[PDB]
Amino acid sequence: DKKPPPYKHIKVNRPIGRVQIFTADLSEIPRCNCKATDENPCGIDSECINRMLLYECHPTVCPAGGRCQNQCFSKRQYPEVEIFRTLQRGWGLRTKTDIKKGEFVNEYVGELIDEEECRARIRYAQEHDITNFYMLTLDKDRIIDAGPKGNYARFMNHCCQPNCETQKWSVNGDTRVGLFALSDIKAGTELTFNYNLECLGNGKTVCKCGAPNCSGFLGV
């Protein structure tokens, strides 16, 4: 209870076994029409077509060059966060800097596994009386398991009225799960999101989010 159980802090998703990882030729990556002279080229308020489709601008082709603000996953531009111990929800994540509405908070990084491996790892965890799951569905047949290996995003708890959301983006021709702010978040505030249908294994865990509209479940 002094420190969270050991995990491998990794920078990017790690395929495991028979999980495939797509990658894109420039042919397959869209090109925006921002200009280097725009106020915040490819920025959150811009009309960047790439941004609007949840695509990163690729740096070798973005007409805004080095000023492009649409590479938040690639450059890993995470606001400063600290792991803290909550009351009833185990370990939590909070921000040490102010975050503006819509700003990129983090990527949910971990091991990529299939239905069979995810089932296996859930069975093992139950038999050992484990209630902490880090499984988040990437697409129809791949699951992020931030349990063994992950980054700071793995400590973000569920809340039924959250202050961040997940968004599925395309980066170098593959899906990445991003956390983005639903509103302005003041420094020291806990970063949560609604698990909705995306997280697995939580089953009958009783929600302790403390939100007025709390369903008593972690999404489902």
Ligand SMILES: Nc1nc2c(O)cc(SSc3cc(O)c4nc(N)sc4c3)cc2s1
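Only residues modelled in both forms are compared. Positions refer to the first chain, counted from 1. Here the rigid core means the biggest group of C-alpha atoms that line up within 1.5 Å when the two forms are laid on top of each other. First, how it differs from the form deposited with this ligand bound.
Shifted regions between these two forms (core-superposed; runs of 3+ residues, all CA displacements of 2 Å or more, residues common to both forms): 1-7, 202-204.
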Given for the second form:
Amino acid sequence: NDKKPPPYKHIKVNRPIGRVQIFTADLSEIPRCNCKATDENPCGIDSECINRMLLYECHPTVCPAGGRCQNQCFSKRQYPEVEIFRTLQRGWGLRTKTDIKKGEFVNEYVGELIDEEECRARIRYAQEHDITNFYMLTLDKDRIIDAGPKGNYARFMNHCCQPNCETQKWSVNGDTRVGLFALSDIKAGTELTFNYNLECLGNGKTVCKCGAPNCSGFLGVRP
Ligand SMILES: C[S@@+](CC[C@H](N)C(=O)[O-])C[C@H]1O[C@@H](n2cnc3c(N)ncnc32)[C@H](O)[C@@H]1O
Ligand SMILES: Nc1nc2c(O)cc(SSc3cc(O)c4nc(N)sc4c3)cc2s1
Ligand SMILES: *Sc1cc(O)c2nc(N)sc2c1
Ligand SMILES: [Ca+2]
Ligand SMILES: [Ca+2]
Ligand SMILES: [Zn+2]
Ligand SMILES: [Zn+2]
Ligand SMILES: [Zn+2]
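Can I get the form deposited with this ligand bound as well, since the one above is the form solved without this ligand?
Now the full complex is given, and it begins with the chain already shown.
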């Protein structure tokens, strides 16, 4: 629902579970860009910042722009203002309260970081309790983000076959994170969606109610 959760279920960074590892970089393995602190928008979405080209967040100890660096989106957790709302046939969803420009950072897909054994146990539990909402995305061959038991606002974004947001996997201080980014200009009040079918995991598949002209008919089917 759209009520404030118990605080322990709202997490701000990914939460490793059980045997799952997270990784850290030596600062010498982190790319350093050529932007200047005096630039109009140092390391911004229109810049030529090499870190952005590599989908690597600038490290705050390293980047020449320092505190003017605009390529620290994941670490700073400054997200466009959003709100949870009830849809007609797709449960709860997420909509922006502010205009968002094409390519802008919308949110990080934050959740519990689990391995495949744990993910199987959670899907089997969902099967036994008739749970029909899933919040799992593949991070890599060993790790899955599950924003179901804990997460942030991104867990409420619904699926669309012709969405207005996309996932991008970035490197942040030596480990991978999933960011959501606008595919186009989005007006305030618009529901935020992405295409689940590239990376999602769940209990089988379910009929898609996105209603897009190109609708492929299902959530849960690799294209
Ligand atoms: C990541 S959650 C999104 C938030 C969810 N609607 C809720 O109320 O908590 C994904 C779940 O939302 C539902 N959903 C999202 N997009 C849908 C769509 N296009 N068609 C049908 N169900 C959808 C499915 O039940 C899916 O398991
Ligand atoms: N009035 C309101 N305040 C808040 C707020 O402060 C934070 C969020 S964000 S995160 C969240 C929300 C859930 O409902 C949830 N449920 C799980 N099982 S995990 C999880 C994570 C939503 C609302 S709505
Ligand atoms: S991969 C996947 C993603 C979902 O959101 C989902 N929801 C269901 N009811 S099955 C399934 C699979
Ligand atoms: Ca360029
Ligand atoms: Ca594997
Ligand atoms: Zn830069
Ligand atoms: Zn920078
Ligand atoms: Zn669809």
